[PDB]
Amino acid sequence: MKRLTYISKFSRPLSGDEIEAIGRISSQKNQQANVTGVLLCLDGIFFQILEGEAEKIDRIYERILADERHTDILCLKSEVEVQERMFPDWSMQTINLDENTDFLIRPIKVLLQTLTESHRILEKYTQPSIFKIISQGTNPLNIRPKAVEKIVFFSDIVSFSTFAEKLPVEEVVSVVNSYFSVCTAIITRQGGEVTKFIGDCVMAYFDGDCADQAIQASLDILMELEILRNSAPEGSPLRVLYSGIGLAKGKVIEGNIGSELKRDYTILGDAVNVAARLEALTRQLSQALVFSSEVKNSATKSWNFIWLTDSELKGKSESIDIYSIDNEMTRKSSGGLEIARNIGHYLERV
């Protein structure tokens, strides 16, 4: 069996009437599916626990997920090896704690609410990989480190120091956050994971066999930034926001890395260094996207690869052959590196 626990926020106000109706109808379909559980509500927050066959639960939650009456849906716990149910008598019991006024339920009310709003704060500071792991039914703290092949992605803002010199601090942060939101959205939809931000740089990774997705994500980021630049208001700093991107492939260690009190679930490896160093060369090479021979050969799609150079760095005392893709978008983005060499004037008249 599978028991699932999630929380969510009302998309819009709901009345006790509407709440019960959701419950009453939940209880119905749940009876029909031998799934049981409890649904609570407290000041515009839903808490629900469901249990039943993995097959069934997954489909219910697929509908619950697509329901527009709540949002910010977060699975706190997925137990995918349950052999006994916790709420056998309740197909779907509803407990509206707002309406409740009981002696002991009152202090617990103020507790749940404080606990929930604190959890919601921590969520905003938490790697996306962690919640994914949790929803796969795994406690991320118990994952042991492993060697794995990854494609590593590194990208940063071209001439970022000029932004930081010229703009008000609120503007600088707005620009970086816009950049990060664009990269993160595209990378995530393409099956990758954004694992760290450092300065104005994004570090991300894809499964080792997913070079075509790494490359497509990268091209989509360039395309999206192009839309963002040419759609931005007159005088906006966004009109001169350009990216450089570097991709590398290698065996890295994945796992919980950090101090006692603070860890990240992330990767450690030479491919990370190589990706970052490739990305640094975007300027010298006048190419907005640059990647290693290994990424190129590992890709299966018929991209228009162009060989750029043979270069060195580090370490293994070896020269690495460096590629890009030749198309209208990469040419426009690569011309963008030139444009971004002199944006100080533009930026200081905002």
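Positions refer to the first chain, counted from 1. Note that the rigid core is defined as the largest set of C-alphas that superpose within 1.5 Å between two forms. First, how it differs from the form deposited in another entry.
Fit the rigid core and compare the CA positions between the two forms: of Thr162, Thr266, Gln213, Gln93, just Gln93 moves by 2 angstroms or more. A movement of the C-alpha atom of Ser317 reaching 2 angstroms or beyond is seen between the two forms when the two forms are aligned on their rigid core. A movement of the C-alpha atom of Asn30 reaching 2 angstroms or beyond is seen between the two forms when the two forms are aligned on their rigid core. Superposition on the rigid core between the two forms places the CA atom of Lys77 2 Å or more away from its counterpart.
Beyond the form deposited in one PDB entry, can we have the form deposited in another entry?
The following holds one chain only.
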């Protein structure tokens, strides 16, 4: 069997009658599918366990994911190879804890509430990739470090210190958060992983054989930022939000790095500084995207590559050749140093 456990938040106020009505329908349908489980609610949070044959469970879960009456859905546990039903008598038992007043329940309710509030806050400070691992039955704190080949992505905002000195603090933070949201959505869609924010820079990585997807993410980010600049409100600082991107490939160490108070599951190795140094080169070029020959040679599609005969990196073992993509964007960009001048003059007047 399969057994799923998830929690979610009310999308809107729901009465006890409305909740009982959801239970009735759930029971009617689960009974037909030979599915059992329990549904609990407390102070605007749903908890549910559902168990049955795998295909049927996936179908039910897809409908539940589409239900507009809850949101912020998070699967806490996905058990496959289940051997015995936990609630064999219950097609769907509904337990509204708001309305319960039993003796021993009362202290458990309070503990359940306090832990849930805490857990839903921590979710926002922790990586989604960590939760997936937990829900698959693995404790990520016990994963051993390993050497692995990756593509490292590094981006940073051009002349950001100008923002921080000409605008109110709420507006500065609003710009960086918009930049970080744009990058995360695209990188995640292309199969990559944002692993660290560093001031105004984004560090992310892709599998060692995904150069195509890292290149595609980079071009889509740059295109998304152009669209944002041209459609921003009059006087918006987003009109002068520009980025540079660098990509490198190499063997890195992946694992739990940190102290006893706080760790991250992240990567370590020379490819990280190489991507950082490449990203910094975009400040002296019209190209907003540069990447190493190792990335270029690992790609499998016929990209419009251009070889930049200006490889003047530092801290490189034996120097590396540098490439970019030649597209309309790059040919119609006025150069990194002139853009920093343009940012100052514009923000000095908003």
